[PDB]
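Shown below, as structure tokens, is a lone chain in the form deposited without the named molecule; questions about how it binds or moves come after it.
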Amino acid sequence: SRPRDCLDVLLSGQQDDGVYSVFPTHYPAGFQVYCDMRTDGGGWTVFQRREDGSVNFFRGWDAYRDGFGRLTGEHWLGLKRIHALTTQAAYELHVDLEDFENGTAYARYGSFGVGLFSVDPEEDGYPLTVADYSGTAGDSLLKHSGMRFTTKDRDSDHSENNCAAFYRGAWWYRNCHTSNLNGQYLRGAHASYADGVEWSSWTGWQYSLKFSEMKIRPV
């Protein structure tokens, strides 16, 4: 009837990967998401996908709040939706990564949230909660814990510059990053420093990954 996320969709008997309606506690109008019904038993709600560089990710605050791209392709679900999902239960984060040489890796985080205790999550800059790493990609997100989301037109980072402008992305930048999954789709090894789709613990600071998917499931 009114699944709150992709795990409710799965447990209701929908086993196919694809687009489903979900209805978070404080977003009763609901919205559509892509559900991953396969990874570690399934029930993952996707909020980010890179796969081909068809979508511009070098977007401003309003786009990162409201979301962009298409659920069946490259997209960002929007921080207002990611907030609505991660405040309604205790979520884990799964990050799937792929390079241009057939290689894959993943990072699992036991706890993940955006603006968890923010009275106005947008005003407060949708700050990251993330803890408890495991997997094959190595940890490139724990150092971003407690940071606000920074875009090219809204600087909340710990740099004298705008990290989002400098590294051509949008992220919970500190000074500046170990991960940049909303970075430019530069397609593998690049001369420019850390401004591609980067997961530094796996492929370093000068390798733009082929594929990324960020997704959440209640624990």
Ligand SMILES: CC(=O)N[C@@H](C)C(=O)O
Contents of the next structure:
There are 4 protein chains.
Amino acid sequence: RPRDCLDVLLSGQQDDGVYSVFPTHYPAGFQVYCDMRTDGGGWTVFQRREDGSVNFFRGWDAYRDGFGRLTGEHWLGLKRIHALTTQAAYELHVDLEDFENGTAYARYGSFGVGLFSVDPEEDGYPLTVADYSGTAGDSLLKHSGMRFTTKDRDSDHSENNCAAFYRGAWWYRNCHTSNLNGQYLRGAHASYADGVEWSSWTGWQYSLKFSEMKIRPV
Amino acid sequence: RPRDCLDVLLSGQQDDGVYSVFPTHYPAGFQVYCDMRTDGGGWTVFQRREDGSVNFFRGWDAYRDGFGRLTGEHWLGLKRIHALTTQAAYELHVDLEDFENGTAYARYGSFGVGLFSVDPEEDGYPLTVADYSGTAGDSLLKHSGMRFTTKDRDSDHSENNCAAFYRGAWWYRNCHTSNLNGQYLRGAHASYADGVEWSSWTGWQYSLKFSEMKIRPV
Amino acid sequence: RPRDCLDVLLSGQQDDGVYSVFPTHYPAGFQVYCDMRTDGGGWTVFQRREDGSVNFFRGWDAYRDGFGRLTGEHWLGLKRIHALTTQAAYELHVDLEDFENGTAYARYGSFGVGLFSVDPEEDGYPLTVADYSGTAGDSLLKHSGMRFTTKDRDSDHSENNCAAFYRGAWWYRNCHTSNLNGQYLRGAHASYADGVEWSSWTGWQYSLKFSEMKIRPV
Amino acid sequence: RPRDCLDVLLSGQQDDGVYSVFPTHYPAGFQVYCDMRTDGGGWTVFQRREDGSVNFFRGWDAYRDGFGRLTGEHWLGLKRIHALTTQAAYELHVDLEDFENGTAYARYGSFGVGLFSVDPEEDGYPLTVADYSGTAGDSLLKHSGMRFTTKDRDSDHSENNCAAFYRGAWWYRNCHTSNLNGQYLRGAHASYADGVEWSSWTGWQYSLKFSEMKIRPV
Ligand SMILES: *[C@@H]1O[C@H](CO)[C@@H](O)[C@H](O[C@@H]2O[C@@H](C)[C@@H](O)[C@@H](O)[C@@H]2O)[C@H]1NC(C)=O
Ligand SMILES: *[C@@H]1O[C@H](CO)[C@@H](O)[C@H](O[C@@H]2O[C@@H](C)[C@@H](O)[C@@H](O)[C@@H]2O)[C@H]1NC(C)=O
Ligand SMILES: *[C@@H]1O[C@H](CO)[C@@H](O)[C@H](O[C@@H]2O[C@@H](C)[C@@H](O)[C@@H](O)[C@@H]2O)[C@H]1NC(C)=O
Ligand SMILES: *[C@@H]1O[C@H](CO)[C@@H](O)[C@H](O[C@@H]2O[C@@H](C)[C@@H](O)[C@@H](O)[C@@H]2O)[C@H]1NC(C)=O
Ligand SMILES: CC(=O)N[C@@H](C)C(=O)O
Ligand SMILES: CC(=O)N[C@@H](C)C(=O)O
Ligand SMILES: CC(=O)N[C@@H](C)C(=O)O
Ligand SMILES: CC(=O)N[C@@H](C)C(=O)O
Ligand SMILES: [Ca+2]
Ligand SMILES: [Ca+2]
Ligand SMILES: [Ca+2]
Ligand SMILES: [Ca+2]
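Mind giving me the form solved in complex with the named molecule, seeing as the form deposited without the named molecule was just shown?
Every chain and every other molecule in the complex is listed next, the one we just looked at coming first.
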């Protein structure tokens, strides 16, 4: 009964792929994609963009329960990300790729979703994130403490709905420096900040080719 | 805590009948009918037609949760079929009988439902099936990759609802070569392909007497 | 982790009262009242009438989930009765008392609720009951094979709703010989068969003072 | 798998903070705040007021499922309080503070919520409380036996809704002597008994600065 992808790795499973994990407060467990290569391996993936094949402009229930496929574009679901990040102290790794085959990454030494929320869904799965390092620059620390906002559930610090306006779903403030669940607009676009944006690397008008968000215990 | 009917058999239960199984991600478990005779035994039944006593023209929730009785005509439910087929690599056995006491079978070396779906219900319990052998001919490989479609939830490649039109529930494309959840029309019928059809054996206008779909780990 | 009140007794708990039980397919478990005196003890109570303090003219959800208190008048809930009676072969004991301090009982060697139902709620928690003995006479064997009917969910063999007409909830045919979830009308009443009726003992116009329905493995 | 904060303490965790507990009939478990200092420690917190940062004028579902954060103002949820208080015999400790830095406490040797309810939600999570001692005086024993009432679900002994009228959620009679889930009105207020009231200490027109309700096995 591994609790995450690091337990899977330490048990002797060295190959990238889909494995069963059993978080402390999710004993039924569920399947995840494990990255067993990045910085020694043991990363549990919870988000991937790579080809714009999956619609990410989804409502609250979809972002709670998850959508897409573990072998392609997917969102694991905030209920699962909560179950994972509350059972130990996790770091976040974000891998990015542009349409010119360029790559960069952001590492956060602390990452959590609704860590102290009695009802994390009610409380809007608030983001805990700290301690940046990497090549992509920081585009997430400004989002620390913000609730998750979708097109049909607004908990941001804007007078309008940030998720509706920037066609995504994120821990929006007023509104964002990152938007990895945005529209797959494929590189440079005329529209403002409504693509797969990581502003610190490629600004507010470049939708990235590939994103992967994953967690490992520190 | 057997995970399926093969575990039940290997534990020393050799009789056909109803047993408790406990899939990896369904730890509460549920009761299934075990076929302990076919090709050495250890088959978990998830579909049976035999007398048209049970209505199979049911909606999404019915095909998710299951209906009928384990000792007669039933559908185990896609949530249970998902839980079973994701915990190991399963083969599918389909037993068929006509109203002239003729029998045939289809064996598939690979069978799965929503194998990599984050939310298999959202994703429409897509069919994985490959490697045919048997006497009935192949009527399922064309359905590989298709989502499950009911009269009240359309995910097929038709401009209309295949489930509504052919009075069934299946991994419809545009529309089908098999329709084992179709109406129990009892043998030859004037209506087109809306019966218990296995086209490769008995064509598109013969509703079979008996069908049984069951799985065993390879 | 006792599965029922017999496990509780055999573990060395000899006192009547409330205990935790953990049925095979209900691993979370729940509290029940255990009768540790009747015919050696080990009986799991699922119904009690004694003072008409609790309303038994309730809808489908109430009879699924249960109502009242374990220490007084209650219905354990059909989901729990299903979980109990499907994990082994149970007998039913029915204790009755009139308002003249007279007592009688009915014993059934076989009792079950939705024993082979894929979805027992969908299938209406059909009654399995056989092999009568006792002093009260038989008022249940005619109900064998019937689905459970409430005022807001009709699955009986009447043109009207038996539960609505006889102000109860039961495995109604057309309509009943027993009605222990009927109105607490307190002894003889002018109204026809809408009280706590056990017809074989006290006929169709006498609402009993006390009823208790309980199960033990054979 | 500690069942409560006393198990956490006895396992060798001596620090105040958030821990995972696994009640008998809530095996998935959940996180709670443990008080490891008060009278030897081992107290499971289920309510805290301290700064009026969280809205406590919430409906039935919120008081069932819980709200706020474990590290600040929160309500653990009646489903969790039921799961905790039914697995053993618990005492209640209530810590109070006024806006003049004055403190007092109420100890109850017996505390429970829906202890014998078949469906504690249906039954309205009725209060069991007895055996007062402390400095704050008794403001809860009059509430013993009363169901929990919210603005959108009335089970009190008033002709109006006590929760609506006194802007809280409590085991209201007609109506209250305590109201710790009332509005955070900050000390003396003109409005009648609609603040964080503990009448025996600070009367019906003083909203307390701090409240903490917590349980430990006797
Ligand atoms: C970017 O990486 C991908 C995957 O490794 C390569 O396919 C790209 O190479 C380009 O496309 C291939 C099919 C071939 O025509 C090659 O000559 C091209 O350079 C690679 N580079 C770019 C610029 O996309
Ligand atoms: C088909 O198989 C069934 C079950 O084994 C048999 O009952 C059928 O036999 C037929 O019906 C029986 C009752 C008897 O009258 C016999 O003489 C018949 O041949 C069997 N054959 C057919 C053609 O249905
Ligand atoms: C029926 O049983 C009950 C419980 O044991 C008894 O209370 C009844 O006794 C009657 O009521 C008591 C209070 C006392 O007045 C006695 O003299 C009565 O006979 C008992 N009998 C009847 C007829 O109810
Ligand atoms: C009440 O307790 C708090 C926390 O210990 C103290 O801060 C209060 O002290 C008062 O405020 C501080 C900042 C300082 O100005 C001190 O001189 C004040 O007395 C303490 N007392 C009161 C009356 O609030
Ligand atoms: C997209 C977004 O939030 N952009 C910032 C810079 C702003 O509008 O103030
Ligand atoms: C039933 C069905 O789909 N029949 C195929 C042959 C078709 O209509 O093209
Ligand atoms: C109450 C009930 O069903 N009575 C039977 C005898 C009948 O009406 O036929
Ligand atoms: C608030 C409350 O219930 N007060 C009591 C004294 C009453 O009104 O009778
Ligand atoms: Ca807003
Ligand atoms: Ca269609
Ligand atoms: Ca009817
Ligand atoms: Ca009222």
